[PDB]
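Asks: Here's the letter readout for the chains.
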Amino acid sequence: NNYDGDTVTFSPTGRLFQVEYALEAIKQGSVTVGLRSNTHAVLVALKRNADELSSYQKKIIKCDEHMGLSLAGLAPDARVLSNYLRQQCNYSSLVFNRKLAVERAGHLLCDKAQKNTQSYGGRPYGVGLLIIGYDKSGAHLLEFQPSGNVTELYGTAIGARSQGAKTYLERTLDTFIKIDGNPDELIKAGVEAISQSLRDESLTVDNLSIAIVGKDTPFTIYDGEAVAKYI
Amino acid sequence: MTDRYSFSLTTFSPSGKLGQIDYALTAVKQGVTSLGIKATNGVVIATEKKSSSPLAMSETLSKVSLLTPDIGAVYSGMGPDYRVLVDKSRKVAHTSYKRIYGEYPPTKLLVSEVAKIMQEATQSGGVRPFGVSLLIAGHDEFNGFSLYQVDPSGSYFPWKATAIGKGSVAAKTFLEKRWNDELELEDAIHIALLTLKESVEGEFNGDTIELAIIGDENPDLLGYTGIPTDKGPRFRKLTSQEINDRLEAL
Amino acid sequence: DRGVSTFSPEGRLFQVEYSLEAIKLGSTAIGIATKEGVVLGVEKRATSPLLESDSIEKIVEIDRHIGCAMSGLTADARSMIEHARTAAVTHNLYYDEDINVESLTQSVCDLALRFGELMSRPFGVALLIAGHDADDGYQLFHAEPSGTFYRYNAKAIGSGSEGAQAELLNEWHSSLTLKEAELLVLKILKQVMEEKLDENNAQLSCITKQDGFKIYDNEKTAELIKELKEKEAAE
Amino acid sequence: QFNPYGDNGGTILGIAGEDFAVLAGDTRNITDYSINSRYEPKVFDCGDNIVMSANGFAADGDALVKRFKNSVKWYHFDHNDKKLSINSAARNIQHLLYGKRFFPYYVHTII
Amino acid sequence: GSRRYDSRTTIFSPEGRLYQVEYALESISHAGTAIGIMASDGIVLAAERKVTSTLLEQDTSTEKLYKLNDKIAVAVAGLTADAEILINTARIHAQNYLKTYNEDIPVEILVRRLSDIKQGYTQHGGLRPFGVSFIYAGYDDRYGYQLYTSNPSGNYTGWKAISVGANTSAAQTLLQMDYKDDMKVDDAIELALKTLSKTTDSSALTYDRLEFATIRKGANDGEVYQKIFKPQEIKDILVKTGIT
Amino acid sequence: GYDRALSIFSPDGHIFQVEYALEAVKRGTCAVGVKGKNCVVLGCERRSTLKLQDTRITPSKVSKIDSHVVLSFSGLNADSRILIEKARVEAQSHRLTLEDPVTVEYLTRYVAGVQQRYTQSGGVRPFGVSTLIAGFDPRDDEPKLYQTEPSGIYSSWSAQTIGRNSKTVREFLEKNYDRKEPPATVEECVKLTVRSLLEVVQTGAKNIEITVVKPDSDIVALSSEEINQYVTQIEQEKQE
Amino acid sequence: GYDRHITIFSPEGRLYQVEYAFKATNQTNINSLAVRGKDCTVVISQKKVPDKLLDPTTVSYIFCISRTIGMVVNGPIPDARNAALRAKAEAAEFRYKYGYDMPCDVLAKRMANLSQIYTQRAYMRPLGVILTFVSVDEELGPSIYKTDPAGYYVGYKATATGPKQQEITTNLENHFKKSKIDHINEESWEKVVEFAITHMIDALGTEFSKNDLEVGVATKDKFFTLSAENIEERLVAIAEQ
Amino acid sequence: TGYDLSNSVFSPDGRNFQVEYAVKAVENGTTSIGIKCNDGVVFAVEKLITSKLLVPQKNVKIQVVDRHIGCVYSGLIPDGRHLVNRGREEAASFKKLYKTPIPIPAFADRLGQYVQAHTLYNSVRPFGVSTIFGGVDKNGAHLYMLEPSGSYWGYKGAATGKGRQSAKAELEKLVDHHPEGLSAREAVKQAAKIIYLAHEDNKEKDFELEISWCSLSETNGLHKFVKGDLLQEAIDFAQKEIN
Amino acid sequence: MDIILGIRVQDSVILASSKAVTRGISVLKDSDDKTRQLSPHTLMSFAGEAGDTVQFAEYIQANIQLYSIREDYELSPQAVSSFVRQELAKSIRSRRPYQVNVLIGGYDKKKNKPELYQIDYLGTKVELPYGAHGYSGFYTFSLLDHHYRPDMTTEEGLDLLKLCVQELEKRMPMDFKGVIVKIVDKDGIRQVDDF
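Residue numbers (PDB author numbering), protein chains in the order written: chain S, 3 to 233; chain O, 1 to 250; chain R, 1 to 117, 125 to 242; chain Z, 1 to 111; chain P, 1 to 244; chain Q, 1 to 240; chain U, 2 to 242; chain T, 2 to 244; chain X, 1 to 195.
Chain S with its partners taken away, still in its complex shape:
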């Protein structure tokens, strides 16, 4: 209230309001979901259009052959962070000839976000990200929040009314974890789970977006007729 002027100020209860406000942009964001088995990790995201004459804002970005993310909140901030991540995956290749561990991708994002929460004139990132990857220790899913907090999960969701999908996934846990070596089956559980967050509208062809990565599949993205298969 008197303490929400900038990121360099603490409230008297010990909070950072500019960070929590940044968190708010995420909640206004359209829902996206992530989940994984042991063999694949999936992103499903709901795309939002401006009006019926506009295209549907892309929500999924590829970072490397083995890793990528979905976004909810400020788009340009995701572009910046996904770009940073592309660089780090790439540096790791060129220098060490090594695919970047998803766990490390997490730490790097955390430390980049954090700096903008401790210094004057900056501003926190106004976006949340779900990172999936298949690295040297299997399938992975990550939740990034611009507080700096990064978390590894079997599944999760963020955006507007994500809480439905998140509880659905909490129930469905022991089923989807073991959808090993069946790609279309893991996607279905993604599509199903995202539906627990739909209200008054449902999934169409140019509205839904799915990405998958795993054991013998590069991070690739499906939209348009390529998702017809799943509605």
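For the record, the hints were derived by calculation from the structure and aren't laboratory data. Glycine included, every Cβ here is placed at the ideal spot set by N, Cα and C. Check the hints yourself; a few may be wrong.
Some but not every residue of chain Z turned toward chain S, in silico, with C-beta under 10 Å [said to hold, decoys possible]: (1) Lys66; (2) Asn70; (3) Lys73; (4) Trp74; (5) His76; (6) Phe77; (7) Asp81.
Simulated crosslink set (EDC-like; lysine to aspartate or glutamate; CA at most 20 Å straight-line) [stated by the list, open to error]: (8) U:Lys192 - U:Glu233; (9) X:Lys110 - P:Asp104; (10) U:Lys53 - T:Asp177.
For this one, chain S is given, so just place chains O, R, Z, P, Q, U, T and X on it according to the hints.
Replies: Same frame as chain S, but now just chains O, R, Z, P, Q, U, T and X:
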């Protein structure tokens, strides 16, 4: 991090006052009295060594400072601001004069430098003005003896005699009465000692009083012999003993 | 005061949201996409009758295959155009090929968020960027000071926009000819424009694969203005 | 004095048919009169149906190939997975090379 | 962080004024009055010292009049310390021009640059302006004798006669009344003093409260001479014009 | 260095420092430009609360940027010196690299960009100035007149005015200037300029300046008498 | 008023931030005392360990700055350590540049000058500390020089610092009224340390065990702190008096 | 007033309220402890299970610096990471120049001065963490705790976070009933108990345990994590002791 | 480049400058004007290193024109010469110095005198009655030492020049393709079209 205070901390009020220079002078007002008197063959500067505790050794605290062999200074206001000004004043006498001309700067010019530093603290980003006024006393070959006052604004003025700080209004009045254009140096020392008694409360002796002169050359104070055109400093701090001698014939 | 990079409690950037306001005060700009090309039209809005209206440059070439219309603080656009042109020419120099319309747009939208305590405020102008490229055909883009761009089939920006947009939501279909769309733009402009639409106070332009981006002279538009009144009389 | 270049030998050859093309090179790598390796390949698949070879000073050749490969990666990231046409690849390589005009890549390049 | 304590010295009022300039001008209005009068055969500069103590060293002093080069001098009204900063700048600039072109600097070119420096402090960099107004009195072989004033805004203008500091309004009316174009240096000397005599807030004018300088053709054929009056000389010119 | 964003947006979408810079312009003495069939005239008010001026040496209100282009202005005088210098330098630079003097549009476009850059850079306030820029393109007879303002927007004008009481004189020019036929000679164009200032000025004394620009770098300022003639001549026509 | 938040003047010519920095000085509620022998300089300071989970040995406000200079801090530990490190650095550089050991008074001045800056420059805060520097200077003999947040410094015959500082000060004053001289006329530093503790006991009206204290001693060519057992010996010798 | 709106401003008390407010964020965090033992140190922390979707074992919070130092913190997790990254740079530079690995007291002051540095200016924010760290060097074992003001000392035992007092109590007990010393393997069990006991102040959500240790004899001088059978053994010891 | 000459007579300055431009064994051009107008009454001929000559001439030209517009006034020849000397004196200690020699012929309107300045790339300035840069001087200085008179008419100076160019065409080893001549006087700068 770093000084992100790149803007002025002293600015014009709608009345056209510069607040921080005004307040710095208020800090000078509170300060202990000091004075300067210009005789025909000398200049005397004096002040009170108002000790902080009786446990402190106030010889270790010098309020009157040599700047060049023929220039000395004294102040009223904030001690620590004076100390750093003396440091910068000594160095600027070298860097921007001696290292160029192979001789020490004349009084008005060294004074002029000090004023510049003080002016800049009145306009630069991220600083307050200095909280002192200075009396600078000195001799140079072509200008003779002189005495100057520098204020926190960075302004300076030449004086026959004057005082600054606490009891200055009283002291300036006293000095007008006694000052003439025919004073021998010993007479001015004598007047300075009287004028200063007004404003000192407790003890008044050669341990509570700091007093230096700009007078004759002092070969005994040179450190070496055999360049007979080098005659030694004209600045001499009077000794504790020396001051008491002049207080018996007071 | 309060920092220029501050978030509101709803999680939006004050300075960006305030810039969105300035754009609403701007002159109207409309664009429509067709399988035969893209049309860009604008309200010139001369603030006095003495000012020479063709000196009002609010439609602007970026490359032979890309054009631009603006709305809001239009002095802010100059440097965005400069950037866009450099990006396009440069891309061609590095790759001996035309720069994609989407890519051009993204490159301009990167500029947008580089402000704070880099420039000192966001831009106060919206852009309609329209052109052709081999891979994705004719495209129209709305570039905002927030850093986000949207593809549209048709779109309006400026004062007359929410009115004009609802209008475009009705009239747009996937099989519009270039000539049909030229007319729509004139029509919707005359509706939302304060003063009465003629060939001096509005301007037309298109971009086709065959002839690239062309601004229409005052004579050519006047005949389209006439042609539109004859259509409107005849029902 | 330090000489920052060397010569690793080998030779390469490219021919273009109507609906195909070949890029060939020997697999020997040498310094002076010694063989370093009998099989160290120097013609690479670079993606988007481009193959490349940077013959001369291997270290410079490996640096260039590595960079061009990486140029392809970013072209995809920046222009919506568009295919890098051979003519564009060529031009991109002109810039990589000329960027080191006053400290060159000691290689003869073919794609 | 630091923004909290930033005065914003370089912003507009909603009336389109520069606050800090206006307030600086207000500071200047309380300073000893200074007067330039331009004649056909010379220029006078006269200024009133802010109120003296009898114990001030009067001859070894300058507070109001400063020599820029051999052909140009300035009268100061405002903060002296501020003024000296600007003076050394001006002095240096005159020397660069001589070194570059082997010709003494035209009076205006020097005035423009000093005025430009001032202007900068009002548009960028968040510092306070210099609380100083100058009268420039100088000669060059293009325009002959010239008078200029510059103020904290960085505006400069030319004059036949002008005052700055305290009581300018009073002084400008008196000057407007008695100044004529064909006028000579010694008439101007008289006007200058008789104007201060009337506008002063003191009991009467005495030598010890004045600085005085002339720039006449007063040397040996087509060459200019700059006279800064010694205290005795001011005493004499005061007797001689019957003001004491 | 000093960073602060001084030109920022308000909740209504206005940039207050730009708008306040405009207030400064409105306070400044009036200027007007009127373009003929074959010339352009720059007229300028001169605030009359000043006798004892030396007008030989006081900065004139119309400035030459090159020998074929002039710039007049309303607003802060000190601010305008900076824009003029910058413009003059760009003029010389453009000749050096293109081997051609600037077009009036180009020069105007440069100056406008400078003003704009000061509306979105840290540590600086915008220029308290609007300008009329006038001249003839090289090897071209068709006259050019442009106006710039602190925000950075610029455009072409048949004729235009800026400064205090400019709406009054814009009033007069809007009703007294026919596009279809502009002042066909120099005489006629200087006339329409003076009548527009005599709406707002005072006497035609040491109060009105006029500069006339013809093609091929043919520029000259008028002097009191020639203007005074114009003045007296309009007042006798006025007795109706 | 923002003249309260940064180091600019208030209307009565005062620097509140400097004044408030002095108040932080007592924030730890520790008292310290320094005196001079014929041969030595002794500094004592109370040692208070509240929490029982602490490692007693890691708790200290005396620092060894150089082979020959010791420093005791009255104020919060983070600022104290910051000042300690700076002074160590500054003493080493002095040795390297000028080829002799940095004297106590000089180091005091240099640290004083540094605090003076924070009173004038706005982005730097003052340190909430008072620094008492001690040595047996090769030119000046036994020396005590003290520094505060205002940038002030001076040499003392003896001194004290803390909340109960004035009691100790007058206690000492009285000794020197009586003794007539500038120092503790004593042979071994052991007895000068005993004198120190004794007079702190009268002045404070309290009794110390070996872990209620901290003791630094400066002699010609080293300054060393005493261990618990070294103080216990000193306490015991006091008791048997 | 307004003394509390800007970092590095002294109040008229003598306090920097921004630092005190940072402490509030620390107190709001999950619990962490450090126990010093005969030839080593043990670190444990409470990891709340926000949700059943958190992959167990896979959101590690204890961090190593160099090869012989362990750090754990309560409060803002990203602030902790920043501070460890600095610790890692500090240790690298020290080893590069002086060859020997960095002494634990030497290391604590590096963190101390850096954190203190973030109370000197209004352009930075103090650290939203209290950090427990320590290890084995050529002089023995060392435990430290460091607070947002840059204040730090050596500890026999230490804790911070929400369960700070419960743990503090439990640690006072141990220090009191073990004057001769506590063993490394013993201290590992004790730590597991104390984390379980002080989970009472945090108890809606159940949690995951996590321990690590440096023992001259049991880990050879280096920092390892505790897993498998030695972990489960101590989970059990704490299961017993709460029933 | 190569041949540049100047003679100052009673009422004017005359500048003669060779027309050839050679690279290697090809005369690339035979109608080069090795001069630039700095102001309406000041002219500068230049010779030296390829590229540097014209870059420098035009740089100086721009500065003088910028000054002319700023002060609405023309600098004296003395002033321009002092500015150009200073620029070269700067340049000689730069990372890559301008390798250009110049002559500045100007008519001072305040004095009503013609003035001729000779300045080498080092920044060595001298006012002369007649001057030359490069090998030309070796022939022409002694020639003018004999034939030149202070009070010569512009016509007399031009025949004096023919004497110089004839001797250079007799004895100089290279073909410099004649000269372009220009006169600076009270009425400005003009070029003789037949020499």
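Asks: Any of the earlier hints contradicted here, and which numbers?
Replies: none
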